[PDB]
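Kindly generate the complete structure, drawing on both the sequences and the hints.
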Amino acid sequence: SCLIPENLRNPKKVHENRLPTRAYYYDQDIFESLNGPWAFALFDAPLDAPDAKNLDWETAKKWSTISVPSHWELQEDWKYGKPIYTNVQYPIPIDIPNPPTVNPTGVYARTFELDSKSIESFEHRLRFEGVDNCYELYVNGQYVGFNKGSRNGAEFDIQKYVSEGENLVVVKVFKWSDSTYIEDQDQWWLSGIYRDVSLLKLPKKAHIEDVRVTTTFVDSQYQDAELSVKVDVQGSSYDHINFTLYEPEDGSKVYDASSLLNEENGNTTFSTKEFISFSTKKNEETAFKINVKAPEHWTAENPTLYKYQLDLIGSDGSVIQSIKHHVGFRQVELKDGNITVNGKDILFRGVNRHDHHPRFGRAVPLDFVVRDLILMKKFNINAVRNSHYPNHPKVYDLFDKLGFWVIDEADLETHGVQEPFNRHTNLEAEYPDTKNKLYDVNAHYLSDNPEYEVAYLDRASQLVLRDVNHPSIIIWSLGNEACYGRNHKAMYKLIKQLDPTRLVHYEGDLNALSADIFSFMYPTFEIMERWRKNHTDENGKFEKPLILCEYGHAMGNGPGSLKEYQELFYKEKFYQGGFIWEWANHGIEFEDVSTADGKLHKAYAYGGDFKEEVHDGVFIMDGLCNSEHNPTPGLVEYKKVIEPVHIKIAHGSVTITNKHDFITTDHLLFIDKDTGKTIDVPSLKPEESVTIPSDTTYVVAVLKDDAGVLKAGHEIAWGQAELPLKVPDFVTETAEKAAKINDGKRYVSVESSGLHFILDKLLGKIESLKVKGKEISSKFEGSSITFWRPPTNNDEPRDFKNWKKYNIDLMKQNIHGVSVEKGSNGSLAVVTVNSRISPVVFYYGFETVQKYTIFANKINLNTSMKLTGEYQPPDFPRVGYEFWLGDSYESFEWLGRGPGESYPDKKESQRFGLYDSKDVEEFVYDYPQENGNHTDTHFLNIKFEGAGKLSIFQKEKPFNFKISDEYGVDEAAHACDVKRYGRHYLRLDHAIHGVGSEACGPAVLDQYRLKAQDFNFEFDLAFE
Amino acid sequence: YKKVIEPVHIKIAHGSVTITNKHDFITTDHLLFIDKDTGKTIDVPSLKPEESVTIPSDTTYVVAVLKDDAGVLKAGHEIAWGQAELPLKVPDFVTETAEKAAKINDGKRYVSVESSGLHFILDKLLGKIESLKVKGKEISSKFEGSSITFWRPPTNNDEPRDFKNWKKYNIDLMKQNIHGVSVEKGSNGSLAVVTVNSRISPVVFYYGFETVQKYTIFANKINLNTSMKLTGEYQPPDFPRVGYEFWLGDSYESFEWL
Ligand SMILES: [Mn+3]
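For the record, the sequence lines run as chains A and C. Residue 903 in the entry's author numbering is what sits at position 902 of the first sequence, and the numbering runs on without skipping anything. Residue 880 in the entry's author numbering is what sits at position 242 of the second sequence, and the numbering runs on without skipping anything.
These are computed hints drawn from the structure, not numbers from a lab. Don't take every hint at face value.
Below, simulated SDA-like cross-link-like pairs (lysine to any residue); rule was C-alpha separation at most 20 Å, straight line [stated by the list, open to error]:
| id | chain 1 | residue 1 | chain 2 | residue 2 |
| --- | --- | --- | --- | --- |
| 1 | C | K806 | A | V89 |
| 2 | A | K802 | A | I816 |
| 3 | C | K802 | A | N423 |
What follows is the structure, encoded as structure tokens:
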């Protein structure tokens, strides 16, 4: 293929002239930023781009500019195209290893100044932190080299090419290559120089090239440790190295964005609290091993660090170069079948975090990454998986300092090889225990393809060698969803040679033939349990443990049943936790035309909005946080189920159990919320518990002092005693009032002092109910009892298909008889309505009796619903009344769960209490769907201006409710597409279907499903 | 439907017309049989239901027509017809094989072939004909992804299954990816030969065609040889269609076909 350049279709051309990967250290004196405006032009394909060996700055000066770093699909007015979203499918034809012939090619150009002294004093390099997909590099019209690996770095020696005065850098960037085949992550396709570019000036005669730091405990009791520091010095003109380790700074250290990101400085004295000092001797190995007496451990719960300074020293005893970094005393092992850190079998409370920003894409400001991690810490997360590639190199000090268990992952995904296979065989489902046989079929294309070995090894080598020295990283991962083949085995051998100190993960390798860990994604409990049992021998020993590298798919309303996963995690030593997918929605900000308004509004794009030929729609929106990286109810729920302290209140006792891996409860203040006075809780070690006699209902565990990025008073855990359903002390007026009953041909009236009740007998509709200045009426379309909800993302693949199939949205009430009698026991009147509630097309439905017992200040509504007929649905979304609220309506207040929404399998984070609608910002989903329900509601007060409250309570069971404004939710593509009525309604529900995680994972669990059955429930409408 | 149920069969082969009465009751008497090649009528014996006759004839095309107004039908109304099968004859077009001086310009992206009354431009990156103007008549490829396309707007019948397959296999998103273009001077009366090697395959998929398009350019004619080799795993069962799409020049007014 001579119409496609050789290097874009050669899997072995991983780079040309790239320097060997070394440990990353930012140094202000060495690093000089080349970020900013660059000359830029885009071409249809390589053959339209100029020859860079002949490109003048005088010519490039005339082009438009683009700012580095940024993606070229994310510019003002979509100047250079729009983002493309695909999940599994490749957006190109599969013709390995050829990219498409029409291959967007972007040429970047800028200049920089070089001194006379500069070229003499320094070795000059260019370092590119990330360029997608690949590029060739030119300096002063001379070819320097080539590079592949979008999320990896690259350094090139530039010394031969530089001149005094102006220097011209030209980068030719290509969108597609043979590399595209191994970069098929479920994310946006975005191109360009999206990470920092730097000019490096290293001391010329000698400099530090690489450093290796390891900490190995000498002993099984993890006290004394050996600190090993090996240095690679390049050049002859040096004497020796010095090394100073400083006194530790406890992991409880207070940070903020400013101090975490501070990059200074040359004259800045790193530290002076010396602990250990070592010097090398002239002509001796520039490495050493030191015994360290009982050092403070580095742990994710307590990220204690020892700062160090490494000095390269010349003959005259002057400092040639310094490295200022840190040591975290930590050892990871596979021990008795568990992932072990300092001897302890840890629990992952994790997420997958992609690089994403709603405006900049994968070009994420560090400021924003810090924001992410502070939020994670604020919500009890202790681990992150770098799905599915290494991040910006500066991010790893953030993990080190804040404390996260980190899975650093190779930039390698091959998923798309399956798509044609899936479609050709009409595959419906993949299961963690069996799906590997399906991937085995196509592994020969890439992961079992010898032509790709060099590329695969490069992804491994680049991954490990850049980030080796970060204590936060405990696991290397070979990539994601790339099938299984010989190349993976090769990667495993190499990584163990390069870095024996860590463990290797790869989920595509079911049996872990070349991994140290087992890993499932989105497994069913039964599937987890099968695996556990088949890998635990008769003695109870297992060789390797199980983690869930992805689980509890956080797409939209959900995920349900995080609780049940957690119970499983705590019960078996074999399970060591999981990482939920995903941290945040990948929404891109854009201008949307409103379906509600006809006008232009800000929205967040998912597949289809940028009009891709092929895309995967709303699967972009699968985070615990929204596109703006703010918490959803998903994150709120996750924080609760993973809380590292259990507080159980029953039988006049509070039981507190420490569920941390390492730290004590000493940092926590326990408050009795009923009294406000604190509770003396003994210092609890991991897994230790205590029972304290108490009359309390509600206990909170809170931070005593600012520590890390958390503030004093920040809630870590809490518990409540279960709250019995109490009938409010409402006094029903049973005194005898004269009442006019008018039973007309169609309408029935009941009028009394302060009361007006009108029912349409033909429809079963309440035309108007006005009691003491407060009015409601039925929100009626076909039926007075309704069943539909705007489908969640989880509802879509199955439950919605069923509910639509059975016409649940078209349920009709057909009145058979209406009975009107005078009041009995204090009653004004009794109106009884007999009907069948059934959808068009169908036999199935409910023989329904609605008995309205009318009192002067209260209306008792008894509902009896008998499920009858053949060919029934399995379940319903919902069941209850819809009422229009009067013009007077202003706000509401409830006793039950809050402050936020709650659903059967997503409710426990929402503690019991008295809540006011005025105190709550109701959550707006990036993709409109079922929202705003409140489950386990004891009572609900609806406030009407100038007329007090209407109290609503269900007899003998808590109920569900939603008060809103909104409709057209099913078909609104974005928040701004949601329509709004001129009045509010109450959705008053006996029961509601759970939420689950079926968009990717298990269906709503049995105990949370709203199964088809008879319904019988009684409500009181009490008017103040 | 009118044709398949015609109540008289007319079969023309081997210098013979065979006429079979396929009515249930009536005779062929009411019918006039015309030899369409000559315009003169054919004497056909009165045929009863299921009776037939073979008549020697050089005819290619025989029509059965109503003699007189009868019922709600008019004299001359066509009831049945037959044709002899028509062999494919190459038109007697004379290709100009005389030696004309021709300028061939093989640029970085575009290839030009210019001669007296001829202009051929191909985009080598796309495999697209930018313009073909010969003797005042211009065409160019109607191009979106590929110079050879496969899609059709689904019929009602296509919808329940065939369309589901064709959409599933992204046949509507078939792409042409050019691998090599070869430009050589004309040989046997030829002005130039431009050969295009490509893979025609849809996004997402392995399957596709290893394609060779050979354009042999003469002064008054362009021979287009297409070779399409089906390659790769996970293929569709069938396609809606296969062929070229060309924009017609502003001059275009009408068409005629045999
Ligand atoms: Mn919209």
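Hints, verified against the model:
no. : hint            : result
1   : C:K806 x A:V89  : holds (14 Å)
2   : A:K802 x A:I816 : violated (29 Å)
3   : C:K802 x A:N423 : holds (15 Å)
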